[PDB]
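Undergrad: These are the residues of each chain, in order.
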Amino acid sequence: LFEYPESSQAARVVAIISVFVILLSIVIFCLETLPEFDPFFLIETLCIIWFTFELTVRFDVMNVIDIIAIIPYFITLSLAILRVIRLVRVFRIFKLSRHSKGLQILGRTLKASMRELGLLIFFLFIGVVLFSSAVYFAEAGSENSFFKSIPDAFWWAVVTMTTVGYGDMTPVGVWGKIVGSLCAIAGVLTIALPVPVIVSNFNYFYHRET
Amino acid sequence: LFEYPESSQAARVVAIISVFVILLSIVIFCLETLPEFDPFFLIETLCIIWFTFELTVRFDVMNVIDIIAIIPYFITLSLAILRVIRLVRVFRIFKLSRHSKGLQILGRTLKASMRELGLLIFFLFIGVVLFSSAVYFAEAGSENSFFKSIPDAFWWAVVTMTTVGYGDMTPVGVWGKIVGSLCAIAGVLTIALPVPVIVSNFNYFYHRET
Amino acid sequence: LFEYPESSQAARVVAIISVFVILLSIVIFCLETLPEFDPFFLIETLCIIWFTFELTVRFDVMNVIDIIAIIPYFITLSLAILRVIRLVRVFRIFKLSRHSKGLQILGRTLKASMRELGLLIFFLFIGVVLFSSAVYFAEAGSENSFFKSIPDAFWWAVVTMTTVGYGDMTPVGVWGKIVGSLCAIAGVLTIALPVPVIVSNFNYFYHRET
Amino acid sequence: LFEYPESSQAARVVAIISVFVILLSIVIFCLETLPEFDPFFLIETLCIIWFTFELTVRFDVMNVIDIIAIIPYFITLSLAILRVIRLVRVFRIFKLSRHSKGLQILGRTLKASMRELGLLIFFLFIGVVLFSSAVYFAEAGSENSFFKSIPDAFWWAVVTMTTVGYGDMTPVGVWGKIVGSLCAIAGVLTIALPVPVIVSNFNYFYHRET
Amino acid sequence: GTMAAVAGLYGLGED
Ligand SMILES: [K+]
Ligand SMILES: [K+]
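Protein chains in written order, with the entry's author numbering: chain D, 216 to 252, 277 to 298, 310 to 327, 357 to 489; chain B, 216 to 252, 277 to 298, 310 to 327, 357 to 489; chain A, 216 to 252, 277 to 298, 310 to 327, 357 to 489; chain C, 216 to 252, 277 to 298, 310 to 327, 357 to 489; chain G, 1 to 15.
Honestly, the hints are just simulated from the structure, not real lab data.
Honestly, I wouldn't trust all of these hints.
Not everything, but these chain D residues come out facing chain B in the computed CB check (under 7 Å) [unchecked claim]: (1) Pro250; (2) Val369; (3) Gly381; (4) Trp434; (5) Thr442; (6) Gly446; (7) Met448; (8) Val474; (9) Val478.
Label-pair distances were calculated between CB atoms; the ranges are [stated by the list, open to error]: (10) D:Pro250 x A:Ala391: 52 to 60 Å; (11) D:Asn313 x A:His486: 45 to 53 Å; (12) B:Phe252 x G:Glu14: 47 to 55 Å; (13) G:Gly11 x B:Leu396: 19 to 27 Å; (14) A:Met312 x C:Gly452: 29 to 37 Å.
Here's a subset of chain D near chain C, in silico, CB distances under 10 Å, partners left out [claimed, not checked]: (15) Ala225; (16) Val229; (17) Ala230; (18) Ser233; (19) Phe402; (20) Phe404; (21) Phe433; (22) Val443; (23) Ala463; (24) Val467; (25) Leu472.
Yeah, the Cβ is synthetic: ideal placement off N, Cα and C, and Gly gets one too.
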């Protein structure tokens, strides 16, 4: 048989069934985590049974995603590894890439621009270390310093360079505010540079799709 | 008559009267909601009379907006349905599109790139689910965890992915701050990719307008 | 005379003196507002004498700025009009445009793209009114509603559309957070449309001057 | 010798050793600042011995960075100068530029675009002064003013112009919120204007290096 | 983006 990869009149209903099952599994995940809540386990078992059935029908990276989606359930049959498997259960969301034409374009854009992504993470790491050390040593003299240590300032440097915002910020001297202004400017610039190459690769793969 | 569709032969008086009545209705809406406050109903009835007269003399999406602008006033003549009709009264603001040549360019841009908006909402959905699950499972081990559940973290993931800012963020461990840094960078990238196609569509329609 | 426009050698030192006097007047302004504080008035009178001497040597918008720079000092020789004149004293900072070759490029960019700036302010007004009405009617049913009225929500809609961040946001229901996410994404899309035309013309003017 | 500046099979060993030593020095910095903490001084002495050996073997700007990386260690062998030297110790992070081909592209982009960087800092200074004085005089009439002085408003104007977010903003009147909305719009426009030439210079150097 | 700040590079929009 092996009609699944092709999209025929009898196959498109199978694709709709797979997309609905994936969305139902994601919903069961986000709902079973809720404080108000066995009945979820039955739906999760049905979803994993459909997943294993599709994988056996197909038995690249999408196959690795199909395997990773099923692995955590079979593992369940210190505490940190249990929380890690409960977290890696989320990877079921990536099976939408099998059906989504646009998500594959994003994956090809990421594979085609790993160097720019590494350059972006490098610039963020350099700016974070620099502005964290600067704001900490600016605050070192004041009594009851806002930043206990340079690593403590990493979160403030990250939220400032990305223009997310640290929220409350008042208990800070003039030098810390000057370093924060420079941090915001430099973070806007460093975020602004690698991005256009990635946007160009995405637009290229997208228009190649059409 | 049929003077309304063309703004010519001294029909500009009718167009300025329509724009003034629309702005007056919007102001009456925003002031009627004020805590300090019958006379507002009189001005609202006058604006509705002008709207229904313009529509009945005029007799596409613009006619649908002209109908929706006047339906809620007549519907008034579960409390949630009352709140919904009071909210849908706002749609009078879209009557300006008939007079604003630039707003129609925005409507043509939104129509030409519906796939772009869908891809953008899809990327935000995937990123919100992923980073919410990550930050929640990172916070699960702490006492008095800041995030009661994955759905509870959806708002934090949205405000971080868009670089709006969650505000206060202290009661969070190192792993949550790491996930938040990754969330800010990934939101930067995910909102940086579909948008330029929409900008190109808007720039093309704007140059076509002149 | 008339060496001021055509800078040469002796006319160059006059330009550096004018720039120093302008910066000194701005510093005297920002220091005169300080809580810790006659001596400031003497430096202000000296800067006003230099400004009036340059203006009388001069005898377009540049002369208008030169007039506005000295008007408040001579007006001083309800309380709200006094606060307004103390505010309009700040316009001395625009005297730098005569010496800053880049600031004139910014002024030509603003004059050459007024239609785009107005279209941007229009889109912001539309989005602010719409999302403010939405978030208010979403919060109306909750006890101790966060938003007393739609106008009260205008500041939240403005900081969300521009992604500045409202700060603490917890006392809000699910519908208000949904409207806030939609407001954030729509704010990305609105501001990011008009802007490229203002860049294109700014870049044109800049490189033409180059 | 001069074995360092080639790509010989022995040379990659020395390159990876220098990169690991630079990263270990940055780590020793960031952990020696920690509240929980001689053993760090031994690793610092080893990193400085390696840096001085690399410098004495090597013997522009790169040599100046290599000098600055080792100067603070030998300086130790008012308190404010001690804080300044402890801060300038961070410059070891810039030794990575010798190995990172992308960091040199960033340095060439900065050297080649000093003029627009100065224009951007100029626009930020102008907008900060203007909006700070505006929000201060708008808030001057309220009892218990949120802004004690125009300089006190500089941090708010900076975080708003860059859309980082001041945090809580409620104790402010209508006029201050209006000035804040204008500040957010103008800051987005003034930040966006000079970036694109910097991005174009960066992509030019990145493709010339390709 | 918001402050992702795309620098265009879509052929300047071809206009
Ligand atoms: K932002
Ligand atoms: K923000």
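Undergrad: All the hints need checking, so say for each whether the structure fits it.
TA: How the hints compare with the structure:
1. With its C-beta approaching chain B no nearer than about 6 Å, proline 250 of chain D sits inside the 7 Å limit, and its interface hint holds.
2. Among the interface hints, the one on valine 369 of chain D holds; its C-beta lies about 4 Å from the nearest C-beta in chain B, closer than the 7 Å criterion.
3. The interface hint given for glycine 381 of chain D holds, since its Cβ lies 5 Å from the closest Cβ of chain B, which is under the 7 Å cut-off.
4. The restraint placing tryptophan 434 of chain D at the interface with chain B holds, with a minimum CB-CB distance near 5 Å, inside the 7 Å limit.
5. Against a cut-off of 7 Å between C-beta atoms, the interface hint on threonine 442 of chain D holds, since the closest Cβ of chain B lies about 5 Å away.
6. Evaluation of the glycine 446 of chain D hint against chain B yields a held restraint, the C-beta minimum of about 4 Å falling below 7 Å.
7. A least Cβ separation of about 11 Å between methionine 448 of chain D and chain B goes past the 7 Å threshold, and the interface hint is therefore violated.
8. Taking 7 Å as the C-beta cut-off, the interface hint given for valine 474 of chain D holds, the closest approach to chain B being about 5 Å.
9. A least Cβ separation of about 6 Å between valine 478 of chain D and chain B falls short of the 7 Å threshold, and the interface hint therefore holds.
10. In this structure the supplied range 52 to 60 Å holds for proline 250 of chain D paired with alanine 391 of chain A, their Cβ-Cβ distance being about 57 Å.
11. Evaluation of the 45 to 53 Å hint for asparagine 313 of chain D and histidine 486 of chain A yields a pass: the beta carbon distance comes to about 51 Å.
12. A C-beta distance of roughly 52 Å is found between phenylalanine 252 of chain B and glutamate 14 of chain G, which places it inside the suggested range of 47 to 55 Å.
13. At roughly 22 Å, the beta carbons of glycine 11 of chain G and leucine 396 of chain B sit within the given window of 19 to 27 Å.
14. Between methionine 312 of chain A and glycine 452 of chain C the beta carbons are some 34 Å apart, a value that agrees with the proposed interval 29 to 37 Å.
15. Proximity of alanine 225 of chain D to chain C is violated relative to the hint, the smallest CB-CB distance being about 48 Å (cut-off 10 Å).
16. Because the beta carbon of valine 229 of chain D sits about 44 Å from the nearest beta carbon in chain C, more than 10 Å, this interface hint is broken.
17. Of the supplied interface hints, the one on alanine 230 of chain D is violated, with its beta-carbon coming no nearer than about 40 Å to a beta-carbon of chain C, more than 10 Å.
18. With its C-beta approaching chain C no nearer than about 41 Å, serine 233 of chain D sits outside the 10 Å limit, and its interface hint is violated.
19. The interface hint given for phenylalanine 402 of chain D is met, as the beta carbon of that residue sits about 7 Å from the closest beta carbon of chain C, less than 10 Å.
20. At its closest, the beta carbon of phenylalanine 404 of chain D sits 9 Å from a beta carbon of chain C; the interface hint therefore holds under the 10 Å criterion.
21. Interface hint status for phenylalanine 433 of chain D: upheld, as the beta-carbon distance to the closest one in chain C is roughly 9 Å, under 10 Å.
22. For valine 443 of chain D, the interface hint holds, since its Cβ comes within 10 Å of a Cβ in chain C; the closest pair sits about 8 Å apart.
23. Evaluation of the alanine 463 of chain D hint against chain C yields a held restraint, the C-beta minimum of about 4 Å falling below 10 Å.
24. Annotation: interface hint on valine 467 of chain D holds; nearest CB of chain C at approximately 6 Å, less than 10 Å.
25. Of the supplied interface hints, the one on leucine 472 of chain D holds, with its beta-carbon coming within about 5 Å of a beta-carbon of chain C, less than 10 Å.
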